[PDB]
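Encoded as structure tokens, the following chain is the form solved without this ligand, with no partner shown.
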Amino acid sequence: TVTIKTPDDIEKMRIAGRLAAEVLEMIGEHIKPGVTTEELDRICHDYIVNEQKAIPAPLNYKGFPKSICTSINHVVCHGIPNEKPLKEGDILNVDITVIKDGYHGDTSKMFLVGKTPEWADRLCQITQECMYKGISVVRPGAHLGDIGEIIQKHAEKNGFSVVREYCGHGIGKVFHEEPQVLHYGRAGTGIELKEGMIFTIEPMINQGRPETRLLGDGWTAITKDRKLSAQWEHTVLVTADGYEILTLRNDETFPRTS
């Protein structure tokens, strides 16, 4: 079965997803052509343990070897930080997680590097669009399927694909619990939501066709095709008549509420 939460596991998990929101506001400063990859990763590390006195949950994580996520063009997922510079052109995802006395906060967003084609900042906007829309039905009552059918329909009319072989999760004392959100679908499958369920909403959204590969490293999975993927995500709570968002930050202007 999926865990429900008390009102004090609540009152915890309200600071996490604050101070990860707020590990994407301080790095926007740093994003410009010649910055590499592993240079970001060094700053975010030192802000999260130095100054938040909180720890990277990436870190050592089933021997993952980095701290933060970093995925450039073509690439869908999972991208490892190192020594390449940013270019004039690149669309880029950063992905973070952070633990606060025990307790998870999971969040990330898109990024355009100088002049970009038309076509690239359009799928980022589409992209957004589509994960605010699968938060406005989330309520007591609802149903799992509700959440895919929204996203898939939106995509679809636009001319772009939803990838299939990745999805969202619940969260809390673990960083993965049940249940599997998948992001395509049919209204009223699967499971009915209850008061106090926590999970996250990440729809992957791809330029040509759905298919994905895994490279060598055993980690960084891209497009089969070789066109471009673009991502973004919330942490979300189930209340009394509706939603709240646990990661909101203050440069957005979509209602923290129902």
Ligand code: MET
Contents of the next structure:
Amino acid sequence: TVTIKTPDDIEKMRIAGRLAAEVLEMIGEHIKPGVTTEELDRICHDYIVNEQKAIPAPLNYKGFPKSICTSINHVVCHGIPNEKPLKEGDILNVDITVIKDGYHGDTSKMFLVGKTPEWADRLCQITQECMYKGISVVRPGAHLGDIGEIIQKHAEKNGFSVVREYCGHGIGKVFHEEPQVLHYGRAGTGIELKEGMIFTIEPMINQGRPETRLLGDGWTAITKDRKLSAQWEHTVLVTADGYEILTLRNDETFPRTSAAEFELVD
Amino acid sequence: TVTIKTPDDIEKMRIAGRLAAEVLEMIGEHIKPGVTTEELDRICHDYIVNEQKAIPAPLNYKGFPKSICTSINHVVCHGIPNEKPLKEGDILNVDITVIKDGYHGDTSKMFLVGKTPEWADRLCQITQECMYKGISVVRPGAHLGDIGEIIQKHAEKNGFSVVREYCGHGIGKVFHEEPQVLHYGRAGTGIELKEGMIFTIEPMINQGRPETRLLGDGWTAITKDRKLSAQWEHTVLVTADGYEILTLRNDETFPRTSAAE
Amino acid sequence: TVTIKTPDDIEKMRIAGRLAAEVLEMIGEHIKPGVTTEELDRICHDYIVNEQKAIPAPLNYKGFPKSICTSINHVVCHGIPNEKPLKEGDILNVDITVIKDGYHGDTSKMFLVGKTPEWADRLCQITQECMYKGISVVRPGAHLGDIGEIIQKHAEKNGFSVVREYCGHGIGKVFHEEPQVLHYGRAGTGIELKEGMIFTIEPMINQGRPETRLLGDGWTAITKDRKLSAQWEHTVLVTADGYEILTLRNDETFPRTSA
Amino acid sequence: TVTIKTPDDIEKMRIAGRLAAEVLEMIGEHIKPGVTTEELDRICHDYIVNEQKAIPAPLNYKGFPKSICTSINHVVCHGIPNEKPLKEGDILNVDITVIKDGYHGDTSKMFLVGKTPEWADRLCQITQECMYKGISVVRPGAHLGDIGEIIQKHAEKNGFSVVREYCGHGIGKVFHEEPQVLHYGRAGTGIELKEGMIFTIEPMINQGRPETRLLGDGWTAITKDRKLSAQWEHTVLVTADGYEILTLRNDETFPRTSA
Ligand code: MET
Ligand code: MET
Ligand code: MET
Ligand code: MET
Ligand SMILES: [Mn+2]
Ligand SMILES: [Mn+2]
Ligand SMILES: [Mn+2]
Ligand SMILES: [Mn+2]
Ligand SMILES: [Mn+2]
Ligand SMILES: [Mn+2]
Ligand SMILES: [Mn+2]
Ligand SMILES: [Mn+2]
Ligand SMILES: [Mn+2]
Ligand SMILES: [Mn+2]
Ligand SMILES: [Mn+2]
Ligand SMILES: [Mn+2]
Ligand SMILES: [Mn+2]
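Structure of the form deposited with this ligand bound, please, following the form solved without this ligand?
Now the full complex is given, and it begins with the chain already shown.
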């Protein structure tokens, strides 16, 4: 069963969600050619632990040895931070998860490292759109398939493919719980959404074919065809009216809630 | 019945050979006019070390300063990656060796950079044909000379010459071991091939005359006459009844084994 | 290190070999269109256990769920007896191994079910010849490679191909022991044969390409091109000056031994 | 380069071989104490010319003055038939070659005349075994060395030595062609055999040391140490996967072919 969070859980989830967003607003300043993913990891780790008084959820999670995941270029997800420097032209996903007093906030974004090819930029833009469209359909009475279909149609119209081997997930006082949030599928299928459900929408969208391959560290997934892949992620609450993005950043213009979306249509 | 078993060493050589082949498959998509050979070298080195969790065997080998060899046009072999960009019309050999947990896989292939002249295309095709002919005679009871004869005949019939001062070699847990695999000679001579032997066939074929000379850096060999030179290389295992190419790529149509098409 | 059977081991292997042969001699009378391979399996099972006072070696061996293997048409080896009826035109391998007081006799033969097409008959014939040829070169001083070369030359010369990833095997008080016996290769290579070695020669020979594919049950191997495949097997003793076929049937005219 | 025979050549070589063998079958009844080798020569000459409509190949061949060779006792080979009678206790090699319509068949055999010295019969039997073992390794892919090695090991195990100064040879529409077939040497070296080659295996095996001495007649070779020497010879075809003995006699029990 999918857990239904109480009003109290939801307030604590807003808090965790705001912190994870703040790690991303903070780290952007440090991202330039030459900085290593491990130095970014150390910066996020110290911010989360020393300033936010919280804990990086990935750390030691099923063996994962670092505090954040850093996925660059043809890396699809779960890249382990290391001493390899960022190179101008890279696209970088920084994926944060913060646990504040037992509650998880999970979110990621793409960064452009110095000057980047314009078509890498567009992959990143289109992928964020896919995420935003997936969020736009969330409301009580929608079905999980609604989210997959709308992401999949937008990616595919743009000549990209959706990664099927990884999905979004319920999130709460546990990092990964039901449901599996697939980023492909058919409208009206899968479980029905209810107020108080909380889950991530985190589409991985590849420039070429959808298949991935795992490296020998057990975590780093790359595109089998070595083409680019981008991801963005938010933690989403189902509200009485529709959705609330718990991990919204201050640099984002997408409406935080169905209520803010209704207002702007006036 | 029982499913066939292979010695451990042989499966670890098949892994090393498949990795070496994948580096060539990978690097093809990066080769175009304007890319420097030192840039190819960095791309290959990072893919071997960071993704394959393996080691570029050429690196610091007898002092060689790079991770791959890049040999262009009248360069015969062992060209040192550098800051010179590839130009339209270049022929380029990229020669990889990977060491995966101590086992080596050694292979090279010719790339046509942009629109190349027909005579450079013909040199590359016939050199590849020479290599595949050499591989085709490999089986228990073949003699090393069979490989040199078949290559020499195909090269010379088509107007080309064989470089004599470089040869293929045994390979396994060491990068270079006995035997010397000459790309010229006479059938039925030299040692008899035995099942489990692994060695390379890597003919260097010249547009003009066979003589080469070594430059100042002690690695870069060039044709004496300054005409083109092409090379292709595979790592080959002698099997119970024929050959198995350990470094075969997905883009190759030649059969991986004798059986076996 | 290949085990060398002692004279007593040899008497015991002869008994097991004769029993495995008599299972094929027996089951032949039951094979016709309409009979299911799970019926054949039950009949062989009851014969080995209740009559011979022996054990069907394949039963529960690495999980194999039946007492014999029944490979039809494009199936290469290890087919699992089941509810499908034999059809007119099928070729069928019944592969038997009996354990009689701890000693194994392993043998298989092809059956032509009703009227069979000429190309199926030819394949079965040439595979039998291949197996007999492989048997004929066995003597002390020969090498395992002599068996693979003679089989593969006879197959290929007649347009057929040799399955490469499955082989014959030493046999004794254990079902599968050293050496691997490839049905392809070069004469004079591999281990040297000595009196008292016992092993199988069980070539699988394909109508089209050599390659095979394992199905979902983890056992049933089929030709990759779905063309026909045939197998014949015998358990073979290296004697002082040639061979002895421990699993010879009385329907066979090839000599029991080289002398 | 060794010549390769066509199928028509081979049918003709079969005829020449069979005729050569038939001379040895015919001559047996005339071998007894008191018969001279020149009488055996004349009888074989007349049989070949008058009855087989063929020609004795040794006649006038490089000066040789007779139709057959007859080598007795310590004579190793190429004895010239003459007026000396066979004596109780002799061992005698009769070496025949017939040309039939241009094709040659070359074969010899030992005869024991009456009561022979006691280790003379075994010399002759071991020499025939040596020849048979040489034949038994012939197939495409074998090496000439394989013949040399198997013969030499059997001879030396029995305390005998192999004559090195003479050898077997290619044969066909010519009496002596490539390659030299040495009766000593090392497995897996020398010329590799191919289907359609035809050559002789004709080991000369000495009771004592291997060295020979040539007599004044330029032909008759004897053992330097004067101990007994024996020889047997057949013409051998390399077939698709083994051998065919073109000069087999009806008195022999070794198989005509590997098949
Ligand atoms: C090493 S655990 C990383 C998990 C990732 N934050 C996710 O979105 O599930
Ligand atoms: C299910 S075990 C199959 C064994 C088969 N009789 C063989 O030859 O090895
Ligand atoms: C600089 S060492 C390069 C050696 C090369 N890969 C070979 O085939 O031997
Ligand atoms: C005097 S010619 C005799 C030749 C002999 N028959 C041989 O085998 O060569
Ligand atoms: Mn990526
Ligand atoms: Mn995440
Ligand atoms: Mn997530
Ligand atoms: Mn078996
Ligand atoms: Mn060149
Ligand atoms: Mn090499
Ligand atoms: Mn190389
Ligand atoms: Mn069996
Ligand atoms: Mn079959
Ligand atoms: Mn004599
Ligand atoms: Mn002769
Ligand atoms: Mn003769
Ligand atoms: Mn040889």
